[PDB]
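Peer 1: Chain by chain, the residues:
There are 2 protein chains.
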Amino acid sequence: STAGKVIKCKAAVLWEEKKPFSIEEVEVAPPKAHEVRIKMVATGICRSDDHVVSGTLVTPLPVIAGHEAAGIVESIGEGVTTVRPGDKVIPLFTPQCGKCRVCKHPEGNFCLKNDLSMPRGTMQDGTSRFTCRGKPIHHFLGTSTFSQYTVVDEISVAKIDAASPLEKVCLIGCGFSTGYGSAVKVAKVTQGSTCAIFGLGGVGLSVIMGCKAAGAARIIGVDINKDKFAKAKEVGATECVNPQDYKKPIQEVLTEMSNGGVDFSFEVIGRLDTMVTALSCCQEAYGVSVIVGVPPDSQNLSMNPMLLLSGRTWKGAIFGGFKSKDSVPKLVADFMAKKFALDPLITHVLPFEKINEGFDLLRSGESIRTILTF
Amino acid sequence: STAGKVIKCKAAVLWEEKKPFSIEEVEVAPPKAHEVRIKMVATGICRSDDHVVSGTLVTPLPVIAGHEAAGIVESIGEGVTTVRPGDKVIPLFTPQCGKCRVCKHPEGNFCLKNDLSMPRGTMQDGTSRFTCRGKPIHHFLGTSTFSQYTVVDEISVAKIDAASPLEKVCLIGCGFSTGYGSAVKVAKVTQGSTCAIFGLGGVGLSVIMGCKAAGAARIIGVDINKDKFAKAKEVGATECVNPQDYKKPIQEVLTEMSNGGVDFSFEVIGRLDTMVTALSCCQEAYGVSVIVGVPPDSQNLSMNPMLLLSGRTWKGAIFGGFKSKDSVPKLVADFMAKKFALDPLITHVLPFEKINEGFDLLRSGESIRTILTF
Ligand SMILES: NC(=O)c1ccc[n+]([C@@H]2O[C@H](COP(=O)([O-])OP(=O)([O-])OC[C@H]3O[C@@H](n4cnc5c(N)[nH+]cnc54)[C@H](O)[C@@H]3O)[C@@H](O)[C@H]2O)c1
Ligand SMILES: NC(=O)c1ccc[n+]([C@@H]2O[C@H](COP(=O)([O-])OP(=O)([O-])OC[C@H]3O[C@@H](n4cnc5c(N)[nH+]cnc54)[C@H](O)[C@@H]3O)[C@@H](O)[C@H]2O)c1
Ligand SMILES: OCc1c(F)c(F)c(F)c(F)c1F
Ligand SMILES: OCc1c(F)c(F)c(F)c(F)c1F
Ligand SMILES: [Zn+2]
Ligand SMILES: [Zn+2]
Ligand SMILES: [Zn+2]
Ligand SMILES: [Zn+2]
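Residue numbers (full-length UniProt numbering), protein chains in the order written: chain A, 2 to 375; chain B, 2 to 375.
Check each hint, because a few of them may be wrong.
Copies of the same chain are indistinguishable here, so a pair counts whether it falls within one copy or spans any two.
Here are the simulated DSS-like pairs of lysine-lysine, each with C-alpha atoms no more than 25 Å apart in a straight line [unchecked claim]:
#1 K316 x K186
#2 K40 x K100
#3 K136 x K339
#4 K114 x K316
#5 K189 x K105
#6 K105 x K169
#7 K213 x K105
#8 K340 x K234
#9 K227 x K340
#10 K9 x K316
#11 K189 x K316
#12 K227 x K186
#13 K105 x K9
#14 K213 x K160
#15 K316 x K6
If you're looking for bench data, these hints aren't it; they were derived computationally from the structure.
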């Protein structure tokens, strides 16, 4: 039995920015009241994890990163009511406490207990469950999925179907749900509309899936890497454009293509310039643009507010607008019911021990999602 | 009869920026096909007319400004079907051609025939109906209401109730409809919500009217001129705040007052800084901010897109989002049925000949709306 005891296990520790993960032994404390210790089964490599490595996202180091995952409950702390040992679960990088003003709001999902806004890198109680080489190691987004075992707060975990394939449904923990919800819930893409998606990685492809599911008539993928176009078309893009092929700015190209601007645009990269381009390419009177990408820490964009005064709507969201604990089990049930596909996002499957190789596939442009298996 | 003849009449001509208007004789050509010549009865002084004087808003000079008005049709050109001589009318500074993609869209109002995005200062045919001292004089927004007679395109005029009091309903041509619609149509303010309005002039008071009509529980007025607070409370503000009273930035004050951010905020001034402040003060996960104020020409704001990524919605609108020709007659009908009040906006009345005094009253801070009578 491991319940109640410190577990020594393998994890991928990030000791400093811009260096490889170190795969080594950590100690994982047992869960305290209202905490859940999970044996990980599969975790995806999301660009936001790479942002921690690159310094694009600032969070306390050293850290166990990883936020897109699935596993099996090993043990529960006193007072836990929503999961039990043996349950398949997805950690929730956006919590759902159910009590704050956001959780109670019909359209809010960015629960006030999150660790995104002002990251502390801890459990809810302000302490860590992880040590390595005698040193405390920070959590990441309350999840820390790059470890054989993690500990999460109850508000940061959802129980999912016992028959789920965890090596696929881990994507519902971040990239699929974020893109799909950005289309269907945050933008509320309409039947017959024209959409433009900037960035054709895992998240952008999931935005395309949602735009097709919503009945869009035209779905224009935009990427500087033309190797991304074939899969974008497979999942619903009606055409793809590479800004580098054009003498004119791409907002002008997209405005011309759409006979005066698109209905819905999405920034799914994380650049200031493409956030402003994406806003500009939606129709000036009734267009909607959604920011999905995460831009570099503490940098401001510049824009002319006449883009908004004419009638455009500009919004962003975390995790596709989904209230996380309510939505994750339903998404997994919908996947089990064949309502959407996840295989198109999965290009590589590697053992956890190859985490660094997985990040190198992302950075080289070669992968969409690598799933690491423990 | 004057039909088919040039009319000589008085107008207020702006020859140069940062100068008084010149009240002097102009020649007003008869209407061409699908044009309407109107004998003006009343026009309001809106801050956007002052923007032309100050160079905040760039439009070709020399010009006959004025865009908030009501009058009586003197004559119609060939092919006009929607008004007749003797009808009471409101010129529409935002046209409604009824044929473009925006006019056909359920939520668009910024008709593609507008002369706002890139002003030419002409009729739809690219010419002028005005001569002064033998020189052609530009139009403004297709309306040019600071004249005893104007000529407008048919898509830029709406027929209104024959029993309408034109010295009141002129405000439906700009400031009332803009503010009220910005609350009720663009933001879609909800019952029980908390709203913050930056700027308590005629437009911001009209926003407050709309937030009260929509059932808001708290309506916080924000102005650096505390003389504006009494009227804001009369029309529905529950409290008023002056940024100059506080050590901390007003977005922080409003976030504290609203226990974590407001549901709806409105920028109703025309400053880049208060557009960002207004966005920031709305709740980060579900707040909505609407830009109503007109920014200084060609200047960009700077903002951190994390404000949007957490879930805020940022939008702007012209004319309260109202499709102008459909909506103006209904708004007049509702005013006649006492569905809303206009008198709180009217602080001064002057004859047209005293236009410059009217602008002095606006610039001093003393007036809300001065109504000029021809
Ligand atoms: N809002 C959220 O909740 C959330 C969740 C998941 C991911 N993200 C962010 O979303 C973004 C995309 O993540 P991902 O899909 O995993 O990343 P990814 O797989 O790196 O995809 C990014 C795509 O952008 C393309 N690209 C790069 N520069 C340009 C350019 N100038 N123009 C057009 N295309 C360009 C690039 O070739 C690649 O295919 C990242 O910034 C993530 O951090 C946000
Ligand atoms: N979007 C549209 O369709 C539309 C229509 C009508 C008016 N406008 C614009 O809306 C704005 C307001 O028009 P209005 O009500 O006629 O003007 P106004 O009567 O000049 O009112 C503006 C108010 O802003 C106040 N103010 C100035 N600076 C600040 C500050 N730093 N903080 C707080 N308050 C401040 C000022 O004291 C005044 O009471 C102007 O920019 C107009 O050009 C836009
Ligand atoms: O990919 C999801 C994701 C985000 F959307 C962020 F805004 C963030 F800060 C982060 F760490 C993260 F993992
Ligand atoms: O006051 C209404 C109004 C506007 F909202 C503008 F954006 C504009 F350019 C203009 F000239 C105007 F009069
Ligand atoms: Zn919460
Ligand atoms: Zn992610
Ligand atoms: Zn039109
Ligand atoms: Zn106006």
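Peer 1: With reference to the structure, classify each hint as holding or not holding.
Peer 2: Okay, the hints, checked on the actual structure:
| no. | hint | in the structure |
| --- | --- | --- |
| 1 | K316 x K186 | both (12 Å within a copy, 18 Å between copies) |
| 2 | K40 x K100 | neither (28 Å within a copy, 61 Å between copies) |
| 3 | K136 x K339 | neither (45 Å within a copy, 72 Å between copies) |
| 4 | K114 x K316 | within (21 Å within a copy, 27 Å between copies) |
| 5 | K189 x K105 | both (21 Å within a copy, 19 Å between copies) |
| 6 | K105 x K169 | neither (31 Å within a copy, 43 Å between copies) |
| 7 | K213 x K105 | between (30 Å within a copy, 24 Å between copies) |
| 8 | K340 x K234 | within (19 Å within a copy, 53 Å between copies) |
| 9 | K227 x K340 | neither (29 Å within a copy, 58 Å between copies) |
| 10 | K9 x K316 | neither (44 Å within a copy, 52 Å between copies) |
| 11 | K189 x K316 | both (12 Å within a copy, 16 Å between copies) |
| 12 | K227 x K186 | neither (28 Å within a copy, 42 Å between copies) |
| 13 | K105 x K9 | neither (39 Å within a copy, 65 Å between copies) |
| 14 | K213 x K160 | neither (28 Å within a copy, 44 Å between copies) |
| 15 | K316 x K6 | neither (45 Å within a copy, 53 Å between copies) |
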